[PDB]
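So the chains spell out like this:
There are 2 protein chains.
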Amino acid sequence: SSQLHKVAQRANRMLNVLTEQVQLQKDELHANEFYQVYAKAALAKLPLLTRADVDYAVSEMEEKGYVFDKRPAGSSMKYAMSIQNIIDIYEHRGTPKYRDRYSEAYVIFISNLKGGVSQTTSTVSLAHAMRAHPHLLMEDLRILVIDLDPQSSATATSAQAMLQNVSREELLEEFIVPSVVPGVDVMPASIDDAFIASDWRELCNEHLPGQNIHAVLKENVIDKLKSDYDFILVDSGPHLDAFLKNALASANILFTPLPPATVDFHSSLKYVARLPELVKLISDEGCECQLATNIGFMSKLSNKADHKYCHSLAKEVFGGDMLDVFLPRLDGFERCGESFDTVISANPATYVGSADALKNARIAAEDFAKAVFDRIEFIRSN
Amino acid sequence: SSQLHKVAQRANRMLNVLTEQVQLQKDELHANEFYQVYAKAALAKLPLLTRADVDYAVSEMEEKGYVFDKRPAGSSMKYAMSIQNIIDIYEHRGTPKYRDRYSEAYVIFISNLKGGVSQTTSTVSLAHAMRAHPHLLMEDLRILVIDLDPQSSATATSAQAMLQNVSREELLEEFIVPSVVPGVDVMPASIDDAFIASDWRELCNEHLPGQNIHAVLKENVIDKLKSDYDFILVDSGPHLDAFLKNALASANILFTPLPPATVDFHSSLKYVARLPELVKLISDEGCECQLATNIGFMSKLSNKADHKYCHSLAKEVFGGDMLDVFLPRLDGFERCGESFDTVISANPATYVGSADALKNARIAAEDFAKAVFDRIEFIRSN
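Heads up: the protein sequence lines correspond to chains A and A', in order. A prime marks a further copy of an entry chain.
Positions 4 to 158, 172 to 398 (the entry's author numbering) are the ones given, in order, by the first sequence.
Positions 4 to 158, 172 to 398 (the entry's author numbering) are the ones given, in order, by the second sequence.
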């Protein structure tokens with residue numbers, strides 16, 4: 004009957020409602036459960052396709068080739084084109100696929116600076132996006148995401177396949193798994209891989225002696241699959257030193273995600289600085305494989321939409337027992353210390369970063385500070 | 004001489020410049036190295052203080068009490084008032100301190116849903132903010148942050177002090193440490209505490225038999241310090257079950273940080289729902305200590321200032337080898353799967369969350385997707 008109990012019960016109801024909804028909306032989902040499609044006229048606005056050159060062309064396939072889906076609207080019949088459907092029209096329309104202008108598989112190594120497997124989702128996310136891209140469909144590309152980044156709370173093995181030697185067909189039937197999006201395949205990793213990585217030197221000599229501890233990824237796994245995929249995304253980081261060296265040793269191009277926070281950024285830079293040093297050692301101990309580029313990009317972690325939605329639900333649950341002051345991001349500016357250096361200690365003349373980023377933080381941290389003090393007073397007194 | 008090497012070298016220079024700057028700006032910093040101060044007329048705009056009632060009043064302290072700081076400006080002499088200075092004027096001005104209207108110490112338990120010690124910095128940050136608050140100075144409050152949340156990459173022990181029984185004076189000289197901000201003290205924690213927590217039952221019977229495994233925090237540590245602090249912030253989470261139950265058992269009011277992401281939010285709700293269940297068990301096995309409230313708030317992780325600054329430095333390093341498309345937050349919407357459910361698989365009719373949050377994600381994930389494909393083509397071809 005207490006305030007803490009009441010809000011706890013609303014929170015419980017809130018959970019139920021979310022649970023029931025996902026139910027009601029998912030049984031018609033398992034009536035297919037695989038993906039999404041395009042209309043008819045929709046294909047018009049797509050690349051090398053025009054209303055007619057397809058509309059009147061599909062009418063030909065339909066009765067001298069295969070099928071397509073549909074559902075009415077009264078006196079109107081709508082189509083549902085799959086990514087395979089579309090990939091086919093481009094086929095019958097003669098437009099060459101990415102596989103046609105390039106023979107082998109291009110390897111992209113997306114480094115993971117953060118020590119969270121949370122990067123496996125974004126990577127596969129990247130792959131699903133480069134396959135379902137409205138203007139990339141005409142390429143019918145085979146993307147394989149090799150996950151070589153194990154984790155914990157965040158979180172058929174790539175590290176396993178590496179140690180053994182299953183030849184092509186084996187890697188294909190025993191290790192690679194198909195994701196929800198058809199063109200993309202994953203070669204997963206487990207918390208166990210960390211131990212393989214930890215003892216990569218010993219575990220090597222044994223399971224595969226005479227091998228270059230760094231070529232293992234390339235040779236024992238990539239080389240055998242290069243004719244079966246257009247893009248092979250390798251997912252790894254500097255924490256698993258061995259898998260990192262193997263990934264470089266197997267990468268054509270490499271992408272480095274930059275953190276949008278001063279302290280994590282500094283680190284990033286450190287890593288961008290060490291790569292040449294590593295890449296060198298990798299040729300000096302074995303294969304002079306050319307790692308040429310290092311393209312960069314900035315990651316994000318916001319989505320105002322999500323913040324707003326979440327906010328709203330929070331208010332529905334806590335009602336009036338929810339401060340209208342948010343708690344700022346308080347840790348990517350000045351490390352914590354020896355003593356304890358908050359954004360509050362930070363002297364804006366001593367700080368070598370974004371003076372505004374620091375101002376804003378403190379201001380909000382104070383605003384939060386006072387709001388806390390007050391809801392306290394009001395509670396202590398009354 | 005390669006692109007990867009060049010950018011790596013800029014990154015190295017960038018690091019140096021940041022390193023040198025912090026030097027040049029820190030030796031005059033160790034000429035004090037402790038904190039920041041207020042001007043003279045500044046105290047005017049503060050609470051119970053007016054230009055005169057202080058200006059002409061300090062002139063009295065100055066020659067019949069103690070000191071204050073200064074530094075000229077030609078024909079003008081400026082003052083530098085410390086938080087102690089100000090706390091004193093309020094003293095001589097007779098305005099009562101928080102210690103005067105409340106005898107014991109009020110305990111605030113800030114729960115940590117995330118499994119990262121990163122919460123210790125924000126907590127101490129909260130404390131430093133409730134002490135240096137322009138309109139809270141007049142309270143001269145003694146805040147003690149008991150850190151009972153150990154970690155790893157993120158990261172005299174509170175868990176130790178708990179198991180033993182150092183009486184007041186001991187806790188004060190042997191365990192509690194002063195932070196950069198004078199009024200705030202911390203009772204730190206180590207990765208070792210996790211093991212104490214893991215085996216709290218056995219480690220209890222031994223080091224302190226007959227005790228209520230849940231009252232240990234309250235009795236053996238808080239009770240002895242309640243007259244020496246106004247606010248005692250307890251930092252812990254649901255991962256260290258034992259420390260969690262001890263914190264509740266020792267809390268008057270409790271704050272719950274809500275994550276601004278649909279998946280992490282759901283969890284939060286789960287926890288807000290379980291508290292009454294836990295709080296109950298805590299009285300049934302021992303002390304019927306009243307945990308009344310559960311105030312809520314939303315956390316943040318953005319700081320556009322920081323993103324911009326960091327962005328800028330990234331461009332200085334990578335120049336033109338840095339996509340002008342950012343990578344979206346791709347994981348707080350629909351869990352990864354069994355197969356691999358990205359925001360790209362997510363059917364916007366099946367998704368029970370913020371439909372816009374999901375739209376935006378996908379849109380950007382595609383934009384990133386294409387930009388990736390292109391810088392690739394341009395590199396493969398030319």
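Hints are computed from structural coordinates only; laboratory data are not their basis.
It is possible that part of the hints are untrue.
What the hints assert, rightly or not - Derived DSS-like pairs (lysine-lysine); straight-line CA-CA distance at most 25 Å:
(1) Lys286/A x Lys43/A'
(2) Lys375/A x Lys48/A'
(3) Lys324/A x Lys386/A
(4) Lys48/A x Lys386/A'
(5) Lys375/A x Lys375/A'
(6) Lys48/A' x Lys316/A
(7) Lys386/A' x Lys375/A
Do the hints match the structure? See the list:
A threshold of 25 Å between alpha carbons decides the hint, and for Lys286/A with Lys43/A' the separation of about 44 Å lies outside it, so the pair is violated. Restraint check for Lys375/A and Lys48/A': the C-alpha separation of about 20 Å stays at or below 25 Å, so the hint holds. The straight-line distance between the Cα atoms of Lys324/A and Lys386/A is roughly 23 Å, inside the 25 Å bound, and the hint therefore holds. With a CA separation close to 17 Å, the supplied pair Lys48/A and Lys386/A' stays within the 25 Å bound.
Restraint check for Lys375/A and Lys375/A': not satisfied, since their Cα atoms lie roughly 33 Å apart, outside the 25 Å limit. The suggested pairing of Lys48/A' with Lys316/A is violated, with an alpha-carbon distance near 39 Å, which exceeds 25 Å. A threshold of 25 Å between alpha carbons decides the hint, and for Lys386/A' with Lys375/A the separation of about 37 Å lies outside it, so the pair is violated.
The structure does not agree with the numbered hints 1, 5, 6 and 7 stated previously, though it agrees with the rest.
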